[PDB]
Amino acid sequence: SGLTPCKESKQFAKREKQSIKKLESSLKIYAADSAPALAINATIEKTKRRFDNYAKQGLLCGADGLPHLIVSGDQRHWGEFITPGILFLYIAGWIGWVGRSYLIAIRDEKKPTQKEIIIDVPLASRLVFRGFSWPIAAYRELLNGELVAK
Amino acid sequence: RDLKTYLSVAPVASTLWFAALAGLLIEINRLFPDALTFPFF
Amino acid sequence: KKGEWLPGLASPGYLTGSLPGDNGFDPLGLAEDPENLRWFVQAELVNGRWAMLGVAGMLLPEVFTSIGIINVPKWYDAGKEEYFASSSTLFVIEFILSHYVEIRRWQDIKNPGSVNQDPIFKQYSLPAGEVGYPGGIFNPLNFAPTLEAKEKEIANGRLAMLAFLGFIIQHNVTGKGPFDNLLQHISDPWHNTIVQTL
Amino acid sequence: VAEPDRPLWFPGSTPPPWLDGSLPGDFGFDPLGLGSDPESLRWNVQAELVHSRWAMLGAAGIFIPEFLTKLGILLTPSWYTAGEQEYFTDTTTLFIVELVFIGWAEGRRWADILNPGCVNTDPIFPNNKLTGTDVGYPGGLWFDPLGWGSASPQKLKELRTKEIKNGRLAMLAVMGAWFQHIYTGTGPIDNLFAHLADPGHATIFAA
Ligand SMILES: CC1=C[C@H](O)CC(C)(C)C1/C=C/C(C)=C/C=C/C(C)=C/C=C/C=C(C)/C=C/C=C(C)/C=C/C1=C(C)C[C@H](O)CC1(C)C
Ligand SMILES: CC1=C[C@H](O)CC(C)(C)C1/C=C/C(C)=C/C=C/C(C)=C/C=C/C=C(C)/C=C/C=C(C)/C=C/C1=C(C)C[C@H](O)CC1(C)C
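Taken in order, these protein sequences are the chains called F, J, 4 and 2.
Residues 80 to 229 in the authors' numbering are what the first sequence spells out, letter by letter.
Residues 2 to 42 in the authors' numbering are what the second sequence spells out, letter by letter.
Residues 52 to 249 in the authors' numbering are what the third sequence spells out, letter by letter.
Residues 59 to 265 in the authors' numbering are what the fourth sequence spells out, letter by letter.
Keep in mind the hints are simulated off the structure, nothing from the lab.
Worth double-checking, as some hints may not be accurate.
As the list claims (entries may be wrong) - The calculated DSSO-like cross-link candidates involving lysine-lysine, where the alpha carbons are at most 30 Å apart (straight line), are:
{"hint": "1", "chain 1": "F", "residue 1": "135", "chain 2": "4", "residue 2": "227"}
{"hint": "2", "chain 1": "2", "residue 1": "187", "chain 2": "4", "residue 2": "53"}
{"hint": "3", "chain 1": "F", "residue 1": "194", "chain 2": "F", "residue 2": "135"}
{"hint": "4", "chain 1": "4", "residue 1": "227", "chain 2": "4", "residue 2": "131"}
{"hint": "5", "chain 1": "F", "residue 1": "125", "chain 2": "F", "residue 2": "107"}
{"hint": "6", "chain 1": "F", "residue 1": "189", "chain 2": "F", "residue 2": "135"}
{"hint": "7", "chain 1": "F", "residue 1": "135", "chain 2": "F", "residue 2": "125"}
{"hint": "8", "chain 1": "4", "residue 1": "203", "chain 2": "4", "residue 2": "161"}
{"hint": "9", "chain 1": "F", "residue 1": "89", "chain 2": "F", "residue 2": "135"}
{"hint": "10", "chain 1": "F", "residue 1": "107", "chain 2": "F", "residue 2": "127"}
{"hint": "11", "chain 1": "F", "residue 1": "229", "chain 2": "F", "residue 2": "190"}
{"hint": "12", "chain 1": "F", "residue 1": "189", "chain 2": "J", "residue 2": "5"}
{"hint": "13", "chain 1": "2", "residue 1": "223", "chain 2": "2", "residue 2": "213"}
{"hint": "14", "chain 1": "4", "residue 1": "131", "chain 2": "F", "residue 2": "135"}
{"hint": "15", "chain 1": "2", "residue 1": "220", "chain 2": "2", "residue 2": "187"}
{"hint": "16", "chain 1": "4", "residue 1": "203", "chain 2": "2", "residue 2": "187"}
{"hint": "17", "chain 1": "F", "residue 1": "86", "chain 2": "F", "residue 2": "96"}
{"hint": "18", "chain 1": "F", "residue 1": "101", "chain 2": "F", "residue 2": "86"}
{"hint": "19", "chain 1": "J", "residue 1": "5", "chain 2": "F", "residue 2": "190"}
{"hint": "20", "chain 1": "2", "residue 1": "215", "chain 2": "2", "residue 2": "187"}
{"hint": "21", "chain 1": "F", "residue 1": "127", "chain 2": "F", "residue 2": "100"}
{"hint": "22", "chain 1": "F", "residue 1": "100", "chain 2": "F", "residue 2": "89"}
{"hint": "23", "chain 1": "J", "residue 1": "5", "chain 2": "F", "residue 2": "194"}
{"hint": "24", "chain 1": "4", "residue 1": "52", "chain 2": "2", "residue 2": "187"}
Construct all of the structure, not just a fragment, from the sequences and the given hints.
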């Protein structure tokens, strides 16, 4: 954390300033009441909103003038890494768990490959929401998690 | 036609799936752009 | 006949209906395995029981405070200051005791034979036979623990948890109290709803 | 109860085999073979019935501009633009309320489609019951007080056919009104009058 918060970084302010002037420059050729003008003014308003949020959410900045992320585990920045991540692992786990629920449903059947190239959508729709409680995979792990043959 | 349903759910199932995903992702961004962090906690 | 959480649908097979509060409700097949089912039954009990007191503990004082019979802070506020002993001391204490009494029912769950050793001297014991339904001193009044009677406990617990879920979520966004939230809704329901708040 | 010498949408043609003629309103019309398979068909029949019933209620929507145009009334607001109004409590709230009741209504009909029973009960009073056999004809006092619903085939068929035919007509109607407004930016009835005044030059082309 050898950095300075973005709220109080001159370089971070110079970037917002320089960016807006560039978009405003383009604003000149199109005159006022105009489609491009409204499009550029919308980018400018989207630009201000962006920088505003970064400062607002206490993100440090580097001498470069750009925010940098802390992933150490520090509590002030869970938003930077840890919070989104857990969110990921939830979804990743969801997808994988549902995907594995399908293969087991498919495995003891006729031609199993037939449903791997042509999806059983009724079956899939039945199993998709099981991923919602996928971290109760843990309780499968206490018993039938993985194969004993290997 | 059973069969038409059958053409579907092939790798057209992938594109219908990813097109839906792309749409959802795009709208989220349109709604919440330039997000570098999760700020709700 | 059993109760159907969903009329048209059929109940799953592992749900015999020999269980209190069984309405064939396992759409995600969490209880397909029987062991999981036992564990979950026990879990539902306790999650349901704590919620009962909690909802009650949380709600009633708020109501009484408004009546003016007594003055206490709102549940989401009991935490800051004002107690003999710090917050830390209570915790460690809460922990030591909760740790003992549970690391305690757990034994009865794995193998149902942990009723003796009461107190340290062995004179007193618990006589009975259902997990998560201990007897003895636990039931001073000896109300028949009739099946169906158990049905009522579960329903309340299930209800309590929706309430608890409601209180907490309601707290955010609202920034007020459940009873307060209720008054706002009661004063003018069509203008006070999740719609006006969010 | 199939009739093969029934009139057809296409007099010369041959109808598909699945379109038996047993069903009400069957003119042997499925060029795309959408009703090609029995399972799909049952579903389609129910869907058409609902669309037809809903469309008919919608037709009333056509009805109001009539009185407002001449009789008057508080129904003067055009159906178009009707939604964005301030009455009562805000629309969004209304919609949410609507979603719950109607949901229960189908999370309701749906069970019936999938099964044969559930009519069998009024959950609160398990005795009110009510029964009508057949699919999208629940029957009972709530839906069939007069009881003209229960009857005999031939009669039921005739009556039922009437239900569907009006519905199909109603469906085109509603769609026609929606398009009519956009292409004309006016009232449908005005469109109606305008047409009569100058059917010769008053058409889609006029604009
Ligand atoms: C079943 C199933 C299966 C299928 O298959 C699938 C699905 C559907 C997924 C599912 C699910 C379900 C569910 C949802 C469940 C939930 C539950 C809950 C919510 C609970 C709570 C629960 C809750 C709870 C316990 C709570 C409790 C609480 C408490 C005590 C409290 C206390 C307190 C008080 C007094 C006062 C202060 O101031 C605060 C406090 C301290 C805090
Ligand atoms: C695919 C195919 C294939 C095969 O094989 C052959 C064939 C048969 C040819 C085909 C086709 C067919 C068709 C064409 C269909 C169509 C339909 C329709 C159009 C419907 C509508 C339908 C329609 C509908 C429902 C509608 C409804 C409506 C409504 C309710 C309304 C309501 C309302 C009103 C009143 C008034 C107010 O102010 C507003 C509102 C609220 C809005």
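Do the hints match the structure? See the list:
In summary, the hint linking residue 135 (chain F) to residue 227 (chain 4) is supported, as the alpha carbons are separated by about 26 Å, within the 30 Å threshold. For a cut-off of 30 Å, the pair hint linking residue 187 (chain 2) to residue 53 (chain 4) stands: about 18 Å separates their Cα positions. With a CA separation close to 50 Å, the supplied pair residue 194 (chain F) and residue 135 (chain F) exceeds the 30 Å bound. Taken as a hint, the residue 227 (chain 4) and residue 131 (chain 4) pair is honoured in the structure, with Cα atoms around 17 Å apart against an allowance of 30 Å.
Restraint check for residue 125 (chain F) and residue 107 (chain F): the C-alpha separation of about 19 Å stays at or below 30 Å, so the hint holds. About 59 Å separates the Cα atoms of residue 189 (chain F) and residue 135 (chain F), which puts this hinted pair outside 30 Å; it is violated. Distance restraint check for residue 135 (chain F) and residue 125 (chain F): the Cα-Cα separation of roughly 15 Å lies within the 30 Å cut-off, and the hinted pair is therefore satisfied. For a cut-off of 30 Å, the pair hint linking residue 203 (chain 4) to residue 161 (chain 4) stands: about 26 Å separates their Cα positions.
With a C-alpha separation of about 15 Å, the suggested pairing of residue 89 (chain F) with residue 135 (chain F) holds against the 30 Å cut-off. Pair hint residue 107 (chain F) plus residue 127 (chain F) holds up; C-alpha atoms about 19 Å apart against a cutoff of 30 Å. For the proposed pair residue 229 (chain F) and residue 190 (chain F), the alpha carbon gap of about 24 Å is at most 30 Å, so the pair holds. The straight-line distance between the Cα atoms of residue 189 (chain F) and residue 5 (chain J) is roughly 22 Å, inside the 30 Å bound, and the hint therefore holds.
Between residue 223 (chain 2) and residue 213 (chain 2), the direct Cα distance comes to roughly 15 Å. Compliance with the 30 Å bound is thereby established for this hinted pair. Using a Cα cut-off of 30 Å, the hinted pair residue 131 (chain 4) and residue 135 (chain F) holds, with the two alpha carbons roughly 27 Å apart. A threshold of 30 Å between alpha carbons decides the hint, and for residue 220 (chain 2) with residue 187 (chain 2) the separation of about 28 Å falls inside it, so the pair holds. Simply put, residue 203 (chain 4) and residue 187 (chain 2) have alpha-carbon atoms about 27 Å apart, close enough for the 30 Å limit, and the pair holds.
Only pairs whose Cα atoms come within 30 Å are accepted, and residue 86 (chain F) paired with residue 96 (chain F) is accepted, the gap being roughly 14 Å. For a cut-off of 30 Å, the pair hint linking residue 101 (chain F) to residue 86 (chain F) stands: about 22 Å separates their Cα positions. A C-alpha spacing of about 21 Å is found between residue 5 (chain J) and residue 190 (chain F), which places the hinted pair at or below 30 Å, so the restraint holds. Taking the CA atoms of residue 215 (chain 2) and residue 187 (chain 2), the gap is near 25 Å; set against the 30 Å cutoff, the hint holds.
As the CA atoms of residue 127 (chain F) and residue 100 (chain F) are separated by approximately 12 Å, the hinted pair is consistent with the 30 Å bound. With a CA separation close to 17 Å, the supplied pair residue 100 (chain F) and residue 89 (chain F) stays within the 30 Å bound. With a C-alpha separation of about 16 Å, the suggested pair residue 5 (chain J) and residue 194 (chain F) falls inside the 30 Å cut-off, and the hint holds. Taking the CA atoms of residue 52 (chain 4) and residue 187 (chain 2), the gap is near 17 Å; set against the 30 Å cutoff, the hint holds.
In summary, the structure is inconsistent with hints 3, 6 from the numbered list given earlier, while agreeing with the others.
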